[PDB]
Amino acid sequence: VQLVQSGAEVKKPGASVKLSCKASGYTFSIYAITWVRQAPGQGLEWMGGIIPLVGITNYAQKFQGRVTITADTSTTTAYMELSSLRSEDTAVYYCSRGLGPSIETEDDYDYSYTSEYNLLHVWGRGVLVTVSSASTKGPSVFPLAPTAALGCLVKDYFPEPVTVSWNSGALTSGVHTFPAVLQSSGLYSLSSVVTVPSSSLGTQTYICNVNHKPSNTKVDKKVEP
Amino acid sequence: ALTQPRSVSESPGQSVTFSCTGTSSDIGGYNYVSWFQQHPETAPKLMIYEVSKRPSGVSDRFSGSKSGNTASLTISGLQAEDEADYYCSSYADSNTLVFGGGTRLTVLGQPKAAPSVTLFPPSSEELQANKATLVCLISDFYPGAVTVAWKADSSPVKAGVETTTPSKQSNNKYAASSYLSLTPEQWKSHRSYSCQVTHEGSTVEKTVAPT
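Chains H and L supply the protein sequences, listed in that same order. The first sequence runs 2 to 52, 52A, 53 to 82, 82A to 82C, 83 to 100, 100A to 100Q, 101 to 126, 135 to 213 under PDB author numbering. The second sequence runs 3 to 9, 11 to 27, 27A to 27C, 28 to 95, 95A, 96 to 210 under PDB author numbering.
Honestly, I wouldn't trust all of these hints.
Claimed, not checked - In silico SDA-like cross-links for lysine to any residue, where the CA-CA straight-line distance does not exceed 20 Å: (1) L:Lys-172 with L:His-39; (2) H:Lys-62 with L:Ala-158; (3) L:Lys-130 with L:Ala-158; (4) L:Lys-172 with H:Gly-162; (5) H:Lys-62 with H:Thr-76; (6) L:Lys-167 with H:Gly-95; (7) H:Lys-117 with H:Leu-96; (8) L:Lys-45 with H:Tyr-100N; (9) L:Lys-130 with H:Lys-62; (10) L:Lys-45 with H:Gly-162; (11) H:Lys-62 with L:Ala-92; (12) L:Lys-45 with H:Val-2.
If you're looking for bench data, these hints aren't it; they were derived computationally from the structure.
Turn these sequences into a full structure, and let the hints steer you where they fit.
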């Protein structure tokens, strides 16, 4: 019925991350759960899986030694811990449950494993695990002075996200808030601009409110010609 | 392996198919090839399983086939909602699961709209920080494919350029931004800088000068 995945987690290189996949609506133990990872803007990747009832794990050689898939049927939750995290390990982590059970009572109430079923049918919302050494940092707001266009540059901040609002939420017409760009320094940079009448440049004051919960920073900036 | 075409495009109402090439033990080895549909920022969805089965709720448009080491996903009566990445999957010897690269299916449901490009020079407040970042902003264009080239004194410069991938706007257009990070000396060492954005062969140039 559902696979409740954890929140969002960020880790430093060399650290460990343990993801949890809590299921509801079906008998947890018999159905098999596999973990599929998808790096940002990349194809899906298979990591492993486990049959909770018998606790049998099947990993991918690409993750042998580091990945450790487990499951506590007491709480119908499966955990996939990845150790020795890497900057390259940043990706969205999914857990999927098969179409049908992987272990079946067969009469004689003894167990009998079904055969190589489909195994990816019910997916979880996914969890993002950004593995980087960049620490939390507040943005440095710089004005982009100016049919006239002006905006705010939110540079060298980490991690996501930053919320930008003009005139403390007043000006909400013709405003683009572009996606951030992760530079080679590991800090995201984002831009936000508005389109305003040329006559109002010298009469209407434009202020961009930048908020960053991760660094507990809120900035108000004024853009003038 | 599970090699797939990089992307596929077609008109609405026209059939479209995908290819999924593999080895003897990947696809032809077992009849457990399945196709997934993933929209941006969402979990993938299973469209076909066991080669040609279609799980409950999947529109009868999607149909899976298999001939040797290659599988195929066919979407007849292509619609706008069918715009997403499609992956194939299949079991393999040694109890393993292999994935394909993924095909980007685009439905040409909108007219061609040239990009709107604005260029901002390094702000003097930023220059006081020993950083000269040129910001090039691209917005309101379709389809979401553009190429950005930075020119300094009409000479190309590929050093220190990062451009975000295009996204979906509220008006179903696409947006992207390109940043040219220069040192304060470099920004002042050239008379002018240019941000050329090419979209569907049409190119738009915007330039700035230290002034």
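Hints that the structure is at odds with (numbers, increasing)
2, 5, 6, 7, 9, 10
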